[PDB]
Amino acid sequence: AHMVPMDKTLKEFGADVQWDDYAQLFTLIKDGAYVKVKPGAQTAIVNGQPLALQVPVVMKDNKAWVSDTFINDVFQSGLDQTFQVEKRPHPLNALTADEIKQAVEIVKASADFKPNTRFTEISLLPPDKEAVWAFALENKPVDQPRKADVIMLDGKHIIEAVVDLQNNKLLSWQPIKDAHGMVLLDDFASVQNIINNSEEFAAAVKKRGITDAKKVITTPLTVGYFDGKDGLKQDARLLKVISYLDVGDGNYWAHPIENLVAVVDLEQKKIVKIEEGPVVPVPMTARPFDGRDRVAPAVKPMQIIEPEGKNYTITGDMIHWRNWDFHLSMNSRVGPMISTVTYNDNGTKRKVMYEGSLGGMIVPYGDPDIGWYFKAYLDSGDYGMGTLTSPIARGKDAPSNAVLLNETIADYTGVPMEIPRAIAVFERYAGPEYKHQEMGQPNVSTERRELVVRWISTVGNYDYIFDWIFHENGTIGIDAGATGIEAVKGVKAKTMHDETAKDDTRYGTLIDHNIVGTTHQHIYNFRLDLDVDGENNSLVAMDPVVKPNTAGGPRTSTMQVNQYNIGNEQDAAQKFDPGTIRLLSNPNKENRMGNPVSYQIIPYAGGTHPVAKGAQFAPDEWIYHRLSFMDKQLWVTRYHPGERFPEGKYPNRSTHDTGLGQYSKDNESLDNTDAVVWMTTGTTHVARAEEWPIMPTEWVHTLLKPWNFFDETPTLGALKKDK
């Protein structure tokens, strides 16, 4: 049997391939492996180490060829140290394909299962956090058997079963009264068909100028709750259906059929209601965003390279990097989970964060017309953002020196799915860690490195990017970015000089002919179980104030700080003024100067869109009443195993706040106890032409800073002078 063409197989396999004709040297890059190899050479170089090749690379008539074994021999070499194998499995490891298939098999074996039964979530049910910490810090095995939460959708009915996988037995099976299921993948499909089979809807569509109809693209949206004012029965399973025309530019979003909404009952599998408003001609101009009508730029290359491999290690799901240690896993709803986060301080791992992850997000609009009044995406709770993860485009969505992880989750039928390139891990240069150039002395400066964990999820039209950023000095950043395609309203005006302009643009900017970028908000929320050098913490406020000078001298005022504790959940739920300081401290543990070891919580560290002061809804709005998390930037709640979502566990047609509103309502004491920090950061998005047909990536930042957690500059390095 013959050999295999080098360049060909390598691309298949996903490695970058560079040929240097002058040096006669290939350079092959893939994740932590940086490989050098010359034609006909004895050995290749992997991360700076020699690897024997029995079969040297071959150059024929300018075509290169390698062994059938080359990719494995080189890349799965072990000279790339990036990945190591976990000895004792971590108790928070996500369910395996096997474990998943098992949980599904356990439920299918109970009396009540039925074949239309879909799966909305199949996730590990973590052991109690204490056993989990003892594992991470003390290597104590966890005694409790691996269980899994299985949330089923039986038609429209939700049921929560719990399975024991160690013992292969079913533990719980309770129906959840009045709860609606999230949107599932087949739902998209049913809605396109039901609409395609609608005799009415084709006629509805025909009159709005269409022709064909095979060309109508639908998109499913949840209906929220309007105490019946929308005319929709509280206990049917429904979705409203917004439609666009497909014009062949690959961007149906650019051609709304405006003032046409259809309500579909998924159980019935038919259209129960059609709201029709004024006919507005469908905007027809081609607006591709993929570059089909564009000139490719020539750009000179830029390569971020790490030729001796990475400074992090990935053992199972454990990531070790400089002084950080943490566990990375995936959840179908909220995406990545970052757990058991410790910072190694001169030998001892100190607790920073037991579990951190997106909590939930919402993007709600502020137009009142039929196509828009109920329109509000709960991307994670309602559509499942983990499930909808978008594989990273190597080199573009993440820098060329990224390592990209694959992650496994159950699909909605309980069959395992591996998502390729689900999370990017990458170290990056982030300016000077610090510098001082004393006048007439040698300069002092060192470089800053952040380790970024990056995840992207696309829900319908928008794409959202999350970066969890680990500074070497102890600071942790969380940024959310938004890009993709705007939800636009069809309108009669071509320019602002047209007669309809003022009325068309009342609720958003006219971003293209006949196209308005309806104003709305982007609201993310992070649930951060920060255990600051321990479980029991308190929330401290420091408000800088200008106080009168009462100490003589020429000054009239001084800069002082009003420090006070925040002792309950109700006061902990607040607006964040970035001029103040909010600290989660450990009142049991002080640094060398006798200050309580803490972390400074900053829900607003800036962003590139204007910032929402709060929810852009009157207090009487139903969406306002069910989603408290929207109106406050900072919350802190007592820890409880079940409380995990800012929007509540079943937010679809919820009638009341079951999220942060619910968790803080019992107003528990936040003094010297296990806290959980929630940060809400929102923007108000008034659109502009620069953002159409594709919105350039826009960012918000949040930050978590060590505050007297340490004794000194954390990046000074190992001490020599004494101990």
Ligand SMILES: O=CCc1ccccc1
Contents of the next structure:
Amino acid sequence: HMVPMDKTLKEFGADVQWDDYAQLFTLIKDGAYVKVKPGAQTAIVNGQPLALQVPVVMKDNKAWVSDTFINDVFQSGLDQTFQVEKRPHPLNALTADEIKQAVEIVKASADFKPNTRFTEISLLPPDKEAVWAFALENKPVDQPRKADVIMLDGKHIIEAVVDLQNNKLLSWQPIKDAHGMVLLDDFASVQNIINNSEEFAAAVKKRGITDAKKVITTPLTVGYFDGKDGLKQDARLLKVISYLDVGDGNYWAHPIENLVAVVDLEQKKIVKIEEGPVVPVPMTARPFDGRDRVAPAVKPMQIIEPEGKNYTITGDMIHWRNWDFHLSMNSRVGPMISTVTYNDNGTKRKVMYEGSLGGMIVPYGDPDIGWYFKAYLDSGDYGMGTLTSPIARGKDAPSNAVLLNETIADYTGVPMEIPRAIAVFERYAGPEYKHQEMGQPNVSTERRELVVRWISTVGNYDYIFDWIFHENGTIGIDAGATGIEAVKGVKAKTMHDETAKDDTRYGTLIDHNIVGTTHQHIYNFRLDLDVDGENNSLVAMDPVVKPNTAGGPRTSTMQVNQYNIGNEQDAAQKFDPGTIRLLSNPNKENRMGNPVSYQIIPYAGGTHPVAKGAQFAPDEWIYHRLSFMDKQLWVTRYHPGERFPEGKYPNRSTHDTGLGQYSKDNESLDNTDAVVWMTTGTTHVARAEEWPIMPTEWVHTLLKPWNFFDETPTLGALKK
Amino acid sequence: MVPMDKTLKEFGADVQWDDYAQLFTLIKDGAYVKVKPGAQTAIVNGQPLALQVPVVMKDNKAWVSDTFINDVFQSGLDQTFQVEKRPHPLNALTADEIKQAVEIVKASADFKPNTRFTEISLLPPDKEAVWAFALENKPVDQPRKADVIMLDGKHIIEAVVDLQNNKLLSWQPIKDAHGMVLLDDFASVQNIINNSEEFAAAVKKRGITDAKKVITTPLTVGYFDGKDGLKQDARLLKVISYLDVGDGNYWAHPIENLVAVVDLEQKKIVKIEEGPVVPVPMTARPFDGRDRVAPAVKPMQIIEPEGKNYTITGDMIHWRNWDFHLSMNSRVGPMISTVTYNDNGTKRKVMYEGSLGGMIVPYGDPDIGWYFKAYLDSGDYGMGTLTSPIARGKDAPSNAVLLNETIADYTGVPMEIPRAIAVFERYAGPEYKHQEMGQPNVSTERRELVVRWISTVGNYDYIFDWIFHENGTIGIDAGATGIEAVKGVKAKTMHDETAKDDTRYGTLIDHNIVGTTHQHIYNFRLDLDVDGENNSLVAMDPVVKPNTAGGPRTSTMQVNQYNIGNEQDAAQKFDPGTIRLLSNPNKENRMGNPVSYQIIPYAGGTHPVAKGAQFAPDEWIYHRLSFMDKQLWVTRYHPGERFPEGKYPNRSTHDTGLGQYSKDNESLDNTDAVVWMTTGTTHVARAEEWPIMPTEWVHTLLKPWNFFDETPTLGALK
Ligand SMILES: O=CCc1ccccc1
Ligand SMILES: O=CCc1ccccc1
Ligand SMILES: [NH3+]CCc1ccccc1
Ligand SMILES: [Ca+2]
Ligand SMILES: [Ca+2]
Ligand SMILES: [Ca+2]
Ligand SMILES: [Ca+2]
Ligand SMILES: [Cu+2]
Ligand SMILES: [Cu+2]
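Same protein, different state: after the form deposited without the ligand, show the form solved in complex with the ligand.
Let us now look at the entire complex, which starts with that chain.
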């Protein structure tokens, strides 16, 4: 029997186009570009003929296909985008089975507990040297597949290491004073605790809310205030900010200002309720999904690759032109780009052993009760990999993208597959280079970039990360921000109202009774670059104007002050976009005798004002606990255990256990394995254009090869 | 009948044949056509067309009617271009007007025999009348006039003509003004050097066996109060030379320390400066791929089968909520005029006129052949005139529409530049997005309309994109590629004796070749009229202040707001961490905030940023060009102030540009303002940029700030 084509293909996730003039169906799904005519015996897949056992049947204007059409066509093999990995890469993320295995091992230990949850179950990284040997020399990693299992027993953190190869527990170490990150069930717990709170229902009622059932809560971390917040450091707590559900699908637009409940998770009870002046709840419906809007007619635009892609995905490894890298997923920081090499006329040269988001922070600047503690560490306290948002095909990524699925473990230790977790796509990016010599034939070549996009949503914010591999050796990393703003309810409707001045002291009035509290977005990227080898050095090149001492009319000249940065303490600094910073390899030079290097650019621009550092007086705790905020560039000695800027356990941390710690010993950075950390952010002062929903804003970072090659990288293969 | 592939490709259309569907897909600009052999109809942008003569296959070769192209492409089904019945007042001079203007000044008794024309452009009606035409369809009741700037030998004469009444209005000689470099000067220079016995000897001394292989370059000499020993009243050019070795890239073969000074009216070398002899780098370094083989790539196409979202009526472009006028000028190139944003039915003013103001590429080497090198590409050479035709699908995406533009050449003859400007829409990631936990996702794609122009002056190639976002934001990016000006040096690697001295002012990017450090400084003139003519300049500086509200916090994030009332104060460095708005104090949005536009002179770049001019304040180039040292300028609207580097910058003795326009320090309070953005880079070379440099970009932005009352792209309410 057969099934309706349109319905079935849509369900499948393929785009369906019917051309009445050509009596032709064009079907697109990732790397597959298919063409099929009703009644035809063969179809075309990426330019290649495919015999069909059952042709497409057109009945009374409706097409029907065999129940095998989707598999015969899309899994034919004519789409070579994906190839089966023969020799499993050592950096492959834990499979579902491995996840379940690690969980059975710890549950087999005499100490496991029933309520024991899992904050992170991830692969334990083999030694860097063995992995490179595999990627480069194809030498097998004879070290056992291990996995880190970080558990949360109530409010206590426990670190366990399991041996997957030999199915045995290798270690079980409790971590005192450490708090665990926020977990999914805590969200449900908070809303439930508030719904059962007699006092809170009372507090809410005195603030104009009749039906307390329509109150939506939000789980926020409290941070650390040396006790000034009057909060017991020992307890596992969360503060709660509420909004009113008006039925417009956007509760963020209806804040219940000056009301904050403090919830103790293990005690499952409200341990405190801070109240401030009663402010009428903004009631006007402000939907952002278009329900109240007119759909504008727009002409279609498709980016197509009818013969397939230029990249191939073997297991988790991606090959594209001269690039080769491994892409995996982590529940905390998200995507991880590993063993990145560039094929230089036959020789795979090392570039980056491991790169990924390091961590990020979004601190607000309002002193009031519902804002003073608000300083989010999204990846660290919430797990952005876990909160990945499936890519909306054709919208969140261009129509010529390939969408990958990724698997991680949820908090209960059960394997979780995230559909459309990461997007891969090549894109036209203007001319690679060009020169129109007067009176001569023109010379131009197009530029192509391979983009790896991942989106994670934590509450009201939606973050987008792109890892851009330029064909010419350059690597870009941009961060985009969109979503819904965290607003403050105020009495003023316009700037003409008596309270306007005070209501807008910490933010712009972007709507009637609504203020967009100023805050910042600070991202940090951990880049373990191995510029053509592990032993590198950090070099600085400051362009300067010096007095002319060679004669002639000129009084000055443009020269450069070049010097090495021998230690971590000095490598941790502000970035002047007017200067040049390089991670060179003092052991290898190019054809001209210059050390092969990569230029590090933490700030290549952005669409919001740039954050010159953390907008905090040097005496604020947040500024103290987290030092990665005030420096745009950091360089440390390679250590497999140092991966987070804010520290491994930032939830209510008392001191800096991250970059401040990784560099406190001020170690030598001369000709050794270095790790670059780039910090970049924006200072967000709101405007009406960003409400009810914010247009995507971007920040750009860059890694350019500096004398890494001997000439224009894209000139082409030498003919003679 | 006639051959299809042959005919269609002569037409410039792309032909594709799908044997499986027995279908031809024809593409050219806004036309996307589909036609099957033997079919009685065809499809043009989604619409059915009846054919007089079906396409016929003859020996596997398609054949079509001799009227096919016209019947199909000029059918009317391609709505990209529309007829302009009422000519916009800012339309550039037409070929007929260019010829009329030249006839008028030639009919004057003062017109001398070999006069050349530096510029023949439209003398624009008053701003008010123009805005009235775009907003109210009110006719501009003023005759079309044209400015005709002439160069009589070395003398500049400014004249004004009345095109509607065909009469000469004024004829004014300009004292002490030097004219820009004209194309024929390029040839004079090469020819003068060739006939120079002295030069040939000078060259022989340096190792060149055949002087006929010496390639010259016409370089402006600047001004040095005489310290360079050059007469101020003489029209001069310095000549740097290269050796043509047959690799199609003479730039890779510098003849270092040899500089000739040429007097254009006397037509001879009036001074030769010789320095240390350096052997000419000989190794072949072609950049055209003659010695290379490109890797095979799977095809990629960007298609709009139903046509474009934009309409081009004459020179007026309509796209979504945007409406603007695009014209061409021989000096600065593309001009974006009468820009409005259609806010739910009402067209609101955004920008009266915007265009490249001017630019400069100054070098940092003190030596004999570099110290005077400070190029004002548009001002001294005419970037519009030197526009480089866009290479379809390469310099611009495959879904672009290529426009032809017309300007006058130096002899006053109309000149049509093919594919002078590219217009294309592009996907720019999600416009906005929110994936609420456990709810249906909300995403919309972003679309930008890019207007791209490429100009090439000598070795450098410059790209300019005017980017219109659906949400009201306007972006302006400048890209740079081409061939680097290099210095000949003795060192082959950094291990040689002279290596350190050879690389004191630049990187050693190849054997015996150093890419001399320099800067790329662009300036944009933006006559913004934020929802009206009368505006003010407001500064908003984010600052950290002590907490006075109580609670654990010791500090807060606040904004320091204040108006900048005059021109001198408006001329300032730009801190990308601050906010600068051009507000309209007379209009507010629904929340009581002044409708405004955020000015961002520096939104990023792929090369190191130029925080100012890499020159001591006592350098002459520094004195002559103040715009290099400040990223933001705001002055009162004046029709005659259009160039940051001044109107006649060749060998100028003082600042006649932005330095002069702001000198008076006038009031910028609630009045017609003009914004000037200066953005630049400091370029320290590397091997990856030789023999040809990969395109490098810089970005600027203009964002609506409380101009609207909400997300501009949500759409109209049902
Ligand atoms: O994203 C930061 C913390 C948060 C989590 C869930 C809802 C709102 C805010
Ligand atoms: O682009 C600046 C001046 C110039 C003109 C022609 C050839 C080389 C250099
Ligand atoms: N007086 C307008 C210029 C002109 C001249 C000749 C033909 C058409 C137009
Ligand atoms: Ca260290
Ligand atoms: Ca390293
Ligand atoms: Ca203005
Ligand atoms: Ca003025
Ligand atoms: Cu923000
Ligand atoms: Cu340059």
